[PDB]
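The data below hold one chain only, encoded as structure tokens and taken in the form solved without the ligand.
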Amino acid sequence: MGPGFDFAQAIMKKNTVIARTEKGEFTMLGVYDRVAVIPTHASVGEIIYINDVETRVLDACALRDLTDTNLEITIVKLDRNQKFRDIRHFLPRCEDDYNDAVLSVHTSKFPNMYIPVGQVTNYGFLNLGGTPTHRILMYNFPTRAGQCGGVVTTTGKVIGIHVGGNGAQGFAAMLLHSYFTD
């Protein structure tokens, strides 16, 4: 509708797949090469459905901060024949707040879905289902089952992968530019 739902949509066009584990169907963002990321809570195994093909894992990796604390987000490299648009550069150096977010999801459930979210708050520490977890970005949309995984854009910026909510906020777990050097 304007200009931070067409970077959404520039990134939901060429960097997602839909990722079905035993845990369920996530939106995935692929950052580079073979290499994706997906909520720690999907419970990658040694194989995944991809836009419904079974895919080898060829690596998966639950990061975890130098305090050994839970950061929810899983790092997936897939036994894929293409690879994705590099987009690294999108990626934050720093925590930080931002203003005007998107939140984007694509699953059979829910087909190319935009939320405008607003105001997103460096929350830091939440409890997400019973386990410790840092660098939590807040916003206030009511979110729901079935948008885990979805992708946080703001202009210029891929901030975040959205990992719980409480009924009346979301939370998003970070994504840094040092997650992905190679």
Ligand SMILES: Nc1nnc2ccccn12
The other form holds:
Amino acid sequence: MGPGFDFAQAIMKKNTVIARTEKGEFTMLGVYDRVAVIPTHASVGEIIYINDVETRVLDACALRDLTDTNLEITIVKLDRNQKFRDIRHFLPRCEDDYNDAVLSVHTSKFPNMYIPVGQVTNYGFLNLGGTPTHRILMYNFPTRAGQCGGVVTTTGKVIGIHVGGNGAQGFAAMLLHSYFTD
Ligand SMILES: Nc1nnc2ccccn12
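Which structure goes with the form deposited with the ligand bound, now that we have seen the form solved without the ligand?
Time for the whole complex; same chain goes first.
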């Protein structure tokens, strides 16, 4: 509907797949080559479904900060015959607050879904489902089950993936450029 939605759509149309684990269907962001991200609570195993195709997982790494605290991001390398567009230059280098973000979801339950969530706070610590978690972003939108993995963007930046909510607020795990150096 406006330039935030333009950037969000450009990301969704080229850099997402539908990932299915035993824990559900998730929006999954492809970042570069065969490397994608998904919330750690998806419990990625040795095999995952990508757009309903059985796919071997070559590597899966549940990220933690240097205090050994959960970050809720799992980096997955997929045994896929095709690379993602490289979007690493749209990842922030540092923790930050943002204005006027969009949360975008694409699953069987919620196809072509876009949500203007407004201001995004560097919230920091969250007890997420009982698990101490760091580098959490917060937005004041009543997100729901089905939105996990959803991409949080501003114009020109991919800043996080949706990992939870409390009924009134939503929470995303930060994406940082430093997670995807090779
Ligand atoms: N997954 C998720 N995102 N937002 C919420 C809110 C309530 C319950 C679950 N949620």
